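Protein chains: 2
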Amino acid sequence: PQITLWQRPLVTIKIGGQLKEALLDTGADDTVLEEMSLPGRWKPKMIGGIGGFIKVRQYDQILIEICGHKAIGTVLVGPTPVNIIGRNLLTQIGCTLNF
Amino acid sequence: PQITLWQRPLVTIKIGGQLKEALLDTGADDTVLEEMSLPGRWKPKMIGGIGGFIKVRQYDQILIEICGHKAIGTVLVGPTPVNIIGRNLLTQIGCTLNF
Ligand SMILES: CC[C@H](Cc1ccccc1)c1cc(O)c([C@H](c2cccc(NC(=O)CCNC(=O)OC(C)(C)C)c2)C2C=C2)c(=O)o1
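For the protein sequence lines, the chains are B and A, in the order given.
Each residue of the first sequence is one higher than the last, beginning at 1 in the deposited numbering.
Each residue of the second sequence is one higher than the last, beginning at 1 in the deposited numbering.
Misleading hints may appear alongside valid ones.
No distinction is drawn between identical chains; accordingly, a pair holds when it is met within one copy or between any pair of copies.
[To be verified] With a Cα cut of at most 25 Å, we get these calculated SDA-like pairs of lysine to any residue:
| hint | residue 1 | residue 2 |
| --- | --- | --- |
| 1 | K70 | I3 |
| 2 | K43 | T96 |
| 3 | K55 | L38 |
| 4 | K70 | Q2 |
| 5 | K55 | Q7 |
| 6 | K55 | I3 |
| 7 | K43 | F99 |
| 8 | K55 | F99 |
| 9 | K43 | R8 |
| 10 | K43 | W6 |
| 11 | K55 | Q2 |
| 12 | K45 | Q2 |
| 13 | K45 | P79 |
| 14 | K43 | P1 |
| 15 | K45 | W6 |
| 16 | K14 | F99 |
| 17 | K43 | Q7 |
| 18 | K55 | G94 |
| 19 | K45 | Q7 |
| 20 | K55 | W6 |
| 21 | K45 | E35 |
| 22 | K14 | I62 |
| 23 | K55 | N98 |
| 24 | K20 | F99 |
These aren't lab readings, by the way, just hints derived from the structure by calculation.
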């Protein structure tokens with residue numbers, strides 16, 4: 001995959017045996033998913049976007065397959081507008097910005 | 001350039017005479033720059049992100065030099081915490097996201 005930005009960089013992620021859609025976001029440091037049920041213990045987090053801060057739950061060493069690419073790492077679950085794959089997951093699947 | 005996302009994807013941009021640092025961010029449909037002065041007329045607008053919505057003043061057909069390359073298009077000016085170059089000019093500079 002080589003993706004252009006004429007349209008939202010949307011992918012299908014598989015987390016929990018579920019297909020969800022997420023935006024590829026390079027502006028995003030962490031991966032933020034909408035509310036859902038993940039395994040294990042969480043910690044608390046406050047990330048700040050364009051509209052202010054939200055507080056999320058941090059989950060570690062979570063398995064997420066993103067466009068058939070398997071990443072394992074930190075996911076943050078909270079009141080976001082959409083599912084964001086951040087730079088934290090972009091680098092594990094070998095993502096590059098190019099121009 | 002091929003850029004890696006281990007570090008935040010920051011670029012220097014030249015807009016309305018001034019050099020600024022902005023974040024290349026493919027999660028953003030629109031380029032939103034922190035409060036500055038743009039010549040011409042502007043239409044009020046509210047765009048959301050993580051955190052909620054912010055009020056912006058949309059100037060149209062602003063010329064900008066992101067890493068040398070000149071893009072034309074709409075810049076919004078508001079209390080964005082960081083200057084954000086979104087999909088609307090990225091495309092213009094032949095930015096692609098590859099993995
Ligand atoms: C600036 C960093 C922060 C996210 C972050 C920061 C630190 C660590 C992790 C994540 C951040 C990045 C991002 O790309 C966004 C995104 C964003 C950024 C700039 C502008 C917009 N709005 C637009 O482009 C126009 C309207 N789009 C829109 O409403 O989209 C949604 C998804 C809300 C429906 C939206 C957001 C939609 C997800 C943001 O809100 O906040």
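Next item on the list: Could you work out which earlier hints the structure fails to respect and list their numbers in ascending sequence?
Entry: Violated hints: 2, 6, 7, 8, 11, 12, 14, 18, 23; rest satisfied.
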